[PDB]
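Visitor: Read off the chains here:
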Amino acid sequence: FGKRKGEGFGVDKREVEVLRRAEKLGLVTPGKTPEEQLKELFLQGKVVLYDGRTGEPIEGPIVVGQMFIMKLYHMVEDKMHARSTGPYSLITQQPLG
Amino acid sequence: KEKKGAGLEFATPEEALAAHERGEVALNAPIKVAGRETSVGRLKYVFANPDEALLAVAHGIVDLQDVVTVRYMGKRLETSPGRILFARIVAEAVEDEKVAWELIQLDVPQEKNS
Amino acid sequence: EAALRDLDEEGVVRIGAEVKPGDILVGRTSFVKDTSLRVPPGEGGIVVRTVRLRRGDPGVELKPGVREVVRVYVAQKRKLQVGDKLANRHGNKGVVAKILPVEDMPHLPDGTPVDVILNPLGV
Amino acid sequence: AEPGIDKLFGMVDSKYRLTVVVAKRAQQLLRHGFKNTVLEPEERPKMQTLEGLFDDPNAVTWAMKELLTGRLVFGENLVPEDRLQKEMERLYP
Amino acid sequence: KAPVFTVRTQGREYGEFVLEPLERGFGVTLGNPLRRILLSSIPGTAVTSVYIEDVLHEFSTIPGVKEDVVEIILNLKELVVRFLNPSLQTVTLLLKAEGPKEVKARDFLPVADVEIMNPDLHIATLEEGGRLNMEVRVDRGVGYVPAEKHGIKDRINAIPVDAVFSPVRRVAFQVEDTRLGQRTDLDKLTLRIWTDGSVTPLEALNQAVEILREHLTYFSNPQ
Amino acid sequence: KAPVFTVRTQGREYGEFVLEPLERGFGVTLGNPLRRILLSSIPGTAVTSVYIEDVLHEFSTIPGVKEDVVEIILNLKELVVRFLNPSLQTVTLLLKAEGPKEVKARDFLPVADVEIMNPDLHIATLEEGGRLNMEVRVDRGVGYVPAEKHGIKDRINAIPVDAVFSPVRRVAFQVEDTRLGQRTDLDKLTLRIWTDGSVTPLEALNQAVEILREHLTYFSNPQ
Amino acid sequence: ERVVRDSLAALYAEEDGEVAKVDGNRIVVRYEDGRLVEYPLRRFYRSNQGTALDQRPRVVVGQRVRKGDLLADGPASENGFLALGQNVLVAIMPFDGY
Amino acid sequence: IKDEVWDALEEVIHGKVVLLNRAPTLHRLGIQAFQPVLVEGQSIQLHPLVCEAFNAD
RNA sequence: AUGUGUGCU
Ligand SMILES: [Mg+2]
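Protein chains in written order, with UniProt numbering: chain A, 926 to 1022; chain B, 797 to 910; chain C, 731 to 761, 785 to 876; chain D, 2 to 94; chain E, 7 to 229; chain F, 7 to 229; chain G, 585 to 682; chain H, 683 to 739.
If a hint is listed, it holds; no wrong ones were tucked in.
No farther apart than 25 Å at their CA atoms in a straight line, the calculated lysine to any residue pairs in the SDA-like style are these:
#1 C:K830 / G:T635
#2 G:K651 / G:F665
#3 C:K832 / A:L997
#4 F:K155 / E:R189
#5 C:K832 / G:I676
#6 D:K36 / H:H696
#7 F:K110 / F:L100
#8 B:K800 / B:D862
In case anyone wonders, no lab produced these hints; they're calculated from the structure.
Take these sequences, add in the hints, and give me the full structure.
Guide: Listed below in structure tokens is the structure:
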């Protein structure tokens, strides 16, 4: 936040709205300054987030952060079947191959 | 439902409709408050069209969960724009607007059973 | 001859070539109809190593009746796609559903988008 | 959902009756030329690339949207077995 | 490539517009800004404030006139008017009637270049000895403004009325998925528009497009 | 009441643009749509396919090189090769050296109208007698183009690379207020744009404006 | 850090000294006892399962290492720690139906 | 596989419906018919509602 | 083609 506060920006209108709703939610304390409200939110792991596809702020603070995620040994291409007509067996006419 | 703010009566006080209302604008009792019988939001914001109340919410003046006054199919109703929005959803879905309002229930929230 | 453009060695396909479903990997016949080895409907990729165990084998097993085996190491790099299985250390398994482009993704007030989106209803 | 199925399920005694009806209709509609249709002038199923569903993309679609109108009649015994088959290949290509 | 625009328009209020095929992501990118403009920008008209003869408070009841003051105030918001010339910025409509009649939006006396786009809206049923003399204010605002924000005290004890300028009743868009032989992830914009009768959905849309263009031309002169 | 436009472009990489004032909420109605096109569209320039001296497939090593083939190639995606004229569609850069030296990207052989804005990039550390001789083909496309798609075979043993076409790296808008002492509810747009150098933020914003404009024209002739 | 070393994933140093030749195929080590012992760095060895086992060097030519200090990384190690995945910026929230 | 082929492929299905089966199928609603939609990716995409039907997560 | 074993559901 200090980066922004210095850079020549501040509490966005959207952030203001989100804070206003967060008050009625009961995460922030009523009475402090927008910066302090955002501080309280940032303490609980939560933070303002924008929709992205609209620019309308997600009315309600949500928790963001970097967690650890692996990719599991299974994939999709390992398990993929889509044959209509193909090989059968001489021993049994049920299709496989 | 928030803090009472200041005072909790309009069960019958004839003065409370014109006076207590101003109170919220002063600082007394907030909007969706159990100020008895109704709340300022039911006095202050009376939306004519059922649709118009929803147009209002797009302008951040009343949330979809604040209790206000609307008018569906011709009669005064005490509810949130969100609930009336649900009602209209259930309507436009099946096109028959009559049974739409009748089959649902607009007095409680919606859950599994509902 | 187009199918043999990869076949470098006398019988063996080249190393570093691209093989695809249906591509000819090894060439050989029996009683003269083609009974070669081709790449199955799954996928090939890029060949990285080719081992051959001839008859003049400096001390190997080799199965009965067989004269020489031809094994191929076809490698391929696969990226995270819709359908792969993702999980953490805390134990939340879950497939990938959609790969929303950078634009229409939840982003902070700072120009930083979010990488992964987890449903709270799983907690 | 499908083209007004509640009208259909009710149009018959058993729900399976409808399936067999729709089916056999589609069959004889495909086998004896796609011309023995009973609603081909304006009220007819159509597609999206061109409007070429007027010819022969789906056989079932046509049956379902056909029975919607009182143009045909089902039943147990209506026409002698062989005669039907013969005259159904006569009257059409 | 190039996207086709397809109209299915019902009368003068509702219209369904579908513009496709679109590039991946351009669906919402185009559909969202317009909806914000349509619900807030379009020039329209509304009843700003009202003065009745024996009504002091907004929550009153006047005998002889069946309907409570507030319900009448709602119907006042339900009408829609149109100005012929740009000159008319603020006009006062004027009404007067008594007896076993009923007031409709047509009974208001025509003031110069003012057109009532909607007449048979029911204002108020009156009983015997039911006396009703009231006046209305009309501005050319842009969108919705709560009554408790302006409250144009035209007369002394006039009543603030929530101004419903926004000609459109509501606007909703959806981005479905269309394919182009090769790819299937091609966005498909389908936007539906609901207006009051002052202006067709098509008009609202054209207005929106223009409003966005004029804004895209501001990023031309640096300083 | 006419929108003032302001610029603060610190260098070639960073960019900042300000619009003030806008009426109601029109800051976001402009901020996001630009952000979408800035991150989706806009012509970028990246490495498409690379051919190494002795290396055949992507999964090899090179004597005298700390980084294997894949890790080296990986560094080439984070390389910005800026052109000058639209004619340059397929500039095939070249590079070769030896001896113990961190092969910085500033070692490439310079070309007519082509300048690499990314000089400090680490390609590979060379060992005692480590030698590399490669052809790094550079194309001009748009968006994320997976290497698994185009398969540009420059030579015969040339290995395709994920085509990362997007000169803009980050975008963030803020909406403040003030100006015009009449209506207090006003918008103040501030669009911040971060690019890799190949296109300065100004040029990018302009191109995006053009994209949005052109797309707005599509609502013209119905069916 | 203990996992990677006890599991015989990566290769560590056996005795104190300096770096000789950080190759993508080898790392030669300056033992103070006049000995440079040879280490293979093995790039693509097919695992029993189907994955791949790679060792990639982590020190540069001309540097002093210690006995028991890493020289390369195992198939699942970043600078000597267990690296079984990624650190991605995740936002936990409902999103459409996705 | 060019555009021609794909478009024709949409012309072959239309109202055609496919059967989708679950892992341990147990009750009647264990297999549901749907109309195919040619989507990209590689995995099968299924509607949310019928998950509880044949118990699919 | 059967058995052993592991993995996922
Ligand atoms: Mg499961």
